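**Student:** The lines below spell out each chain.
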Amino acid sequence: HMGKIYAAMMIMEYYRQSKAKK
Amino acid sequence: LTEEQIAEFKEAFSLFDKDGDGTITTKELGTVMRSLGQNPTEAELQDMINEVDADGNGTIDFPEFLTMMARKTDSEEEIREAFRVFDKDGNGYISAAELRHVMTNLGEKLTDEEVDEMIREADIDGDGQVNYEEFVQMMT
Ligand SMILES: [Ca+2]
Ligand SMILES: [Ca+2]
Ligand SMILES: [Ca+2]
Ligand SMILES: [Ca+2]
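Protein sequences, first through last, are from chains B and A.
For reference, each letter of the first sequence is one residue, going 1961 to 1982 in PDB author numbering.
For reference, each letter of the second sequence is one residue, going 4 to 75, 79 to 146 in PDB author numbering.
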């Protein structure tokens, strides 16, 4: 059921990792 | 791919697709990020979605969410945080109890047996708990 943790992780990275686009 | 990565890549989707209409919006993403203690501008949410939106329809479907998960290398610093976040009382070990709490903060109201199996699956040294290294492997 590790599904959701992976997502929080990713998206967290995503948010900073996308926000290195501003 | 595992029968197992199916239900797994699936739930991940379900974290965002709160209505389950099948596609992920800025609103949903946004609500998810606020649950995580962040507060992204409208432009950031769009911007986050844009990088994966293969078909340019401003939303994110299941396969585009696979584009998300597969794409994003500074892992350790983000994971040492995750550990810290889980280890509520920071004794160095994550208990079943502490695991319950986390799954819940994400919305997954789990059978206790699933939570124990979760622990049982990441527990390398067999002490009932997940310590940092075990966490590192559970996560990577
Ligand atoms: Ca949706
Ligand atoms: Ca789309
Ligand atoms: Ca602990
Ligand atoms: Ca252990």
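Hints listed in this document are in silico derivations from the structure and should not be mistaken for laboratory results.
The beta carbon of each residue, even a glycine, is placed where N, CA and C say it ideally should be.
Mixed in with the good hints there might be a few duds.
If you only want the chain B side, here are some residues facing chain A, beta carbon under 8 Å, derived [what the hints assert, rightly or not]:
| id | residue |
| --- | --- |
| 1 | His1961 |
| 2 | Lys1964 |
| 3 | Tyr1966 |
| 4 | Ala1967 |
| 5 | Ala1968 |
| 6 | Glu1973 |
| 7 | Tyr1975 |
| 8 | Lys1979 |
| 9 | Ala1980 |
| 10 | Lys1981 |
**Student:** Now tell me if each hint is right for this structure.
**Tutor:** To see whether the hints hold, each was checked on the structure:
{"no.": "1", "hint": "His1961", "in the structure": "holds (6 Å)"}
{"no.": "2", "hint": "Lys1964", "in the structure": "holds (4 Å)"}
{"no.": "3", "hint": "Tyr1966", "in the structure": "holds (6 Å)"}
{"no.": "4", "hint": "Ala1967", "in the structure": "holds (4 Å)"}
{"no.": "5", "hint": "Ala1968", "in the structure": "holds (6 Å)"}
{"no.": "6", "hint": "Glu1973", "in the structure": "holds (5 Å)"}
{"no.": "7", "hint": "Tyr1975", "in the structure": "holds (6 Å)"}
{"no.": "8", "hint": "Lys1979", "in the structure": "holds (6 Å)"}
{"no.": "9", "hint": "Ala1980", "in the structure": "violated (11 Å)"}
{"no.": "10", "hint": "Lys1981", "in the structure": "holds (6 Å)"}
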